[PDB]
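Protein chains: 2
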Amino acid sequence: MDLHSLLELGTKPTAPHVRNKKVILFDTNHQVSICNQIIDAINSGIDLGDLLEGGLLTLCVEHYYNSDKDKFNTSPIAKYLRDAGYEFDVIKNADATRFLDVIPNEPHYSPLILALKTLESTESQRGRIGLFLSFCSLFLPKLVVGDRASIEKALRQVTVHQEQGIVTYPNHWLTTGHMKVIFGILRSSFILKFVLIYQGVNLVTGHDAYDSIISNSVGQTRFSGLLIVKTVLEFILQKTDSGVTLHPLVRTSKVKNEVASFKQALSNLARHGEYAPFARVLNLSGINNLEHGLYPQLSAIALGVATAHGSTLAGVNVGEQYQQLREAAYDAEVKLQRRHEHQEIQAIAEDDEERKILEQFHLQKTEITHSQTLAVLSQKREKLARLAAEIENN
Amino acid sequence: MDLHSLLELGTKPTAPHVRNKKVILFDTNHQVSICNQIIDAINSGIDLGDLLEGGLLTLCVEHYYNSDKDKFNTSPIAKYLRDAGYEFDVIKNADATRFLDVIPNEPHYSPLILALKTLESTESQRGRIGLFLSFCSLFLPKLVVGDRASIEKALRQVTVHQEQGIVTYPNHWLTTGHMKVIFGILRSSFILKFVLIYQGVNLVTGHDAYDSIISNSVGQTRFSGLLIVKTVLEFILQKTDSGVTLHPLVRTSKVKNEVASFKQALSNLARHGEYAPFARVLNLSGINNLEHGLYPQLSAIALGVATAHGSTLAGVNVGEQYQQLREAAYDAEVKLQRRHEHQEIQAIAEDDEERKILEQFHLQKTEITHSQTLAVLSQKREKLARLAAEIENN
RNA sequence: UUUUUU
RNA sequence: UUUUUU
RNA sequence: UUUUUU
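Chains as they are written, first to last, in the working numbering: chain A, 77 to 470; chain B, 77 to 470.
The set of hints was computed from the structure by calculation and includes no laboratory data.
Hints may be right or wrong, so weigh each one.
Since the list gives no way to pick out one identical chain from another, each pair is judged satisfied if it fits inside one copy or across any two copies.
Think about it this way: if two alpha-carbon atoms lie no more than 25 Å apart in a straight line, the pair counts; the simulated DSS-like pairs of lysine-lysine are [what the hints assert, rightly or not]:
1) 306 to 441
2) 229 to 256
3) 88 to 147
4) 306 to 88
5) 315 to 332
6) 432 to 332
7) 155 to 168
8) 315 to 330
9) 441 to 339
10) 332 to 88
11) 88 to 315
12) 147 to 98
13) 432 to 229
14) 441 to 332
15) 441 to 330
16) 459 to 256
17) 432 to 330
18) 315 to 193
19) 411 to 145
20) 229 to 456
21) 432 to 193
22) 155 to 97
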């Protein structure tokens with residue numbers, strides 16, 4: 077009897093799940109105009125409550141699969157969503173021409189029926205759907221950080237993609253109320269985030285403007301709320317050709333339960349295949365075992381070692397109960413790393429003139445990264461002070 | 077269990093993709109006049125929105141394959157676009173004589189139907205189509221740099237090809253509004269850029285004026301947004317006959333994760349075969365793994381070493397967070413390279429008179445490249461100051 | 001709960 | 001995001 | 001892009 081196996085119980089799911097959901101699909105002869113009516117109903121602020129996930133699935137099936145519902149069901153999006161517990165009931169209506177005529181006759185859709193009579197539609201192309209999905213992909217990196225972080229990252233990606241000349245969005249899409257409602261409809265829908273992630277990752281070759289925007293934004297969403305995974309696996313568990321060895325600041329007996337617990341949490345997380353970098357955004361099952369408050373010493377030490385290697389990770393906020401250990405591991409790794417690079421410069425040169433040139437280069441390089449780290453720290457302090465002045469103002 | 081394989085997940089596409097697109101093809105008895113009507117509809121500023129990609133495919137099939145649609149489907153352009161996820165639905169209309177009569181009866185094409193009634197057509201030859209495609213190939217090098225860089229490179233290629241006597245373009249094609257709209261229609265279309273790249277690379281022998289312009293402009297587009305690939309693979313990972321060895325400025329332990337990560341990104345990029353130099357323009361799948369912000373030390377060091385070897389790479393702009401490391405690696409490589417050429421001049425001579433002549437030659441050659449590098453730096457500084465004075469003026 | 005850069 | 005030359 | 005002579 078192993079009594080210590082009781083501390084790992086109640087984490088892993090045991091079976092594939094018998095929970096079944098129901099999202100509707102619209103089968104219409106006028107699918108492009110139906111889809112554009114869903115776009116301008118969402119953009120107008122109409123809370124289209126239980127029909128949101130089915131309407132967003134009709135936009136994504138219409139854009140990616142020409143709304144045929146036959147090669148959609150063969151496709152691995154639907155195989156994944158069928159194993160996740162979704163069921164597609166197809167609301168077939170061949171003579172429908174408006175969004176009101178396809179909503180089923182239930183009593184609780186009556187605020188939506190009253191809301192959509194006053195909704196005016198401007199006639200628009202098929203490409204407004206792909207414009208909407210490429211705009212919705214811009215909220216995907218820094219989605220789990222908040223709404224202000226998502227809206228600022230998405231505004232920065234709008235100006236980056238408009239200097240490229242790839243896209244241009246309308247000016248009433250870029251107001252802060254509308255970017256609040258698009259953050260709201262993206263954070264809650266699993267199917268919208270998953271099919272933006274799937275068509276971002278798995279499209280190889282023929283990219284239009286929208287496919288390239290979605291593929292660029294899914295590429296910046298990799299390990300989004302999982303900075304602890306990236307800092308521990310790069311800087312704490314170094315891999316050699318001989319094998320994985322620990323770091324000197326984690327190689328004691330106070331830390332070793334967190335290290336052995338973190339390796340079990342990572343081996344749980346890698347059951348998800350190619351969606352393990354997107355685990356915090358898609359809210360997968362191993363997500364509770366990788367928080368900062370489960371590893372209070374491993375996380376602050378790993379961020380201090382990571383900040384000592386790179387300039388930009390001195391902008392990462394932590395809680396007040398992790399700051400001083402982060403600052404201490406930063407100082408210790410600065411001293412250890414200057415000892416190591418002095419030994420390596422003495423190892424790889426050939427003359428005294430060669431080691432004089434390489435010594436002058438690596439001391440100038442270290443002074444460059446230290447001055448950049450202090451610049452990032454000063455603008456982080458001013459950003460926190462400006463946010464606190466806005467919170468005091470509001 | 078290799079836990080470090082989780083950091084490479086979510087990058088490579090797993091399957092050939094089940095996303096299918098629909099571009100139309102026009103099958104008409106009067107294909108030359110239909111194609112010239114698409115040329116003067118595009119040149120007039122008519123936003124021919126969803127029919128743009130099919131109209132450009134009809135121009136390219138009419139120019140390259142005589143619009144027969146039977147040897148087009150055997151040809152490897154269509155095999156590549158069929159594996160990319162395109163489907164060609166052929167709008168057969170044997171008695172059509174205008175561009176209005178072949179547009180399908182949909183409600184969202186009605187601004188285009190109203191736009192094309194007022195469009196006047198001048199009757200023109202088959203060679204205005206090849207004139208349009210050779211003009212569209214001139215935006216292909218420096219396409220990913222911007223619109224002003226594309227329009228200035230394309231104006232320079234117009235004057236180069238008119239001193240040759242190969243071509244002459246009409247004077248209303250060379251205004252900046254029209255070159256803005258041809259940059260706009262080339263940046264977004266995958267099929268136009270791909271078939272200009274395919275017929276530029278794979279045409280061996282019988283070139284007319286337009287084929288030679290397209291082949292010259294596709295030859296200058298090789299590694300267009302991939303300067304990091306060219307500078308690292310030339311100057312940082314030197315190949316000997318014995319094998320690949322690193323550079324002394326990247327041979328430490330702070331750099332080795334970026335070097336081993338860059339070799340994985342290059343081995344991803346070389347899955348695309350002969351279209352791997354054109355990966356940033358065609359937006360292929362390995363493109364996110366080769367940015368400057370993923371390798372902040374390898375890229376600035378590699379550009380400094382490259383600038384020390386050649387005069388013209390002192391015109392490359394970088395961000396402000398990479399400039400000083402570029403300047404430092406430039407200084408270190410200047411000192412290391414003068415030590416190496418002094419040793420090689422002592423190795424390859426036979427007398428003292430021979431080494432006196434070779435010493436005087438190589439010191440004059442180094443002074444020539446240093447004065448050229450300072451000239452490039454001064455005109456770069458004045459170009460940036462003039463662009464900032466125009467941005468302040470506008 | 002997450003916080004940087006890209 | 002990309003930035004030079006050809 | 002090419003630049004001479006024959």
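Quiz item: Is the C-alpha distance from residue 459 to residue 256 at most 25 Å within one copy, between copies, in both cases, or in neither?
Solution: within (21 Å within a copy, 39 Å between copies)
Quiz item: At most 25 Å between C-alpha atoms: does residue 441 with residue 330 qualify within a copy, between copies, both, or neither?
Solution: between (35 Å within a copy, 11 Å between copies)
Quiz item: When no copy is named, should residue 332 and residue 88 be tagged within, between, both, or neither for a Cα gap of at most 25 Å?
Solution: within (22 Å within a copy, 34 Å between copies)
Quiz item: Should residue 432 paired with residue 229 be assigned to within, between, both, or neither, using CA atoms and 25 Å as the limit?
Solution: neither (44 Å within a copy, 43 Å between copies)
Quiz prompt | Copy assignment of residue 88 with residue 147, given that the CA separation must stay at most 25 Å | solution = between (33 Å within a copy, 23 Å between copies)
Quiz prompt | Same-copy or cross-copy closeness of residue 306 to residue 88 [CA-CA at most 25 Å] | solution = both (22 Å within a copy, 18 Å between copies)
Quiz item: Taking 25 Å as the upper bound on the Cα-Cα distance, should residue 441 and residue 332 be classified as within, between, both, or neither?
Solution: The answer is between: 15 Å across copies meets 25 Å, while 34 Å in one copy does not.
Quiz item: Taking 25 Å as the upper bound on the Cα-Cα distance, should residue 432 and residue 330 be classified as within, between, both, or neither?
Solution: Between copies only: 19 Å across, 42 Å inside.
Quiz item: Using 25 Å as the alpha-carbon threshold, which applies to residue 155 and residue 97: within, between, both, or neither?
Solution: For residue 155 and residue 97, both the intra-copy (14 Å) and inter-copy (21 Å) Cα distances are at most 25 Å.
Exercise. Go through the copies and call it for residue 315 and residue 330: within, between, both or neither, with a Cα cutoff of 25 Å.
Key: Answer is both: 22 Å inside a copy and 14 Å across each meet the 25 Å cutoff.
Self-check item: residue 315 and residue 193: within-copy, between-copy, both or neither at 25 Å Cα
Solution: Neither. Shortest intra-copy (62 Å) and inter-copy (68 Å) distances fail the 25 Å Cα cut-off.
Quiz item: 25 Å Cα cut-off: does residue 229 pair with residue 456 within a copy, between copies, both or neither?
Solution: within (16 Å within a copy, 31 Å between copies)
The structure fails to meet hints 13, 18, 19, 21 from the earlier list, while all remaining hints are met.
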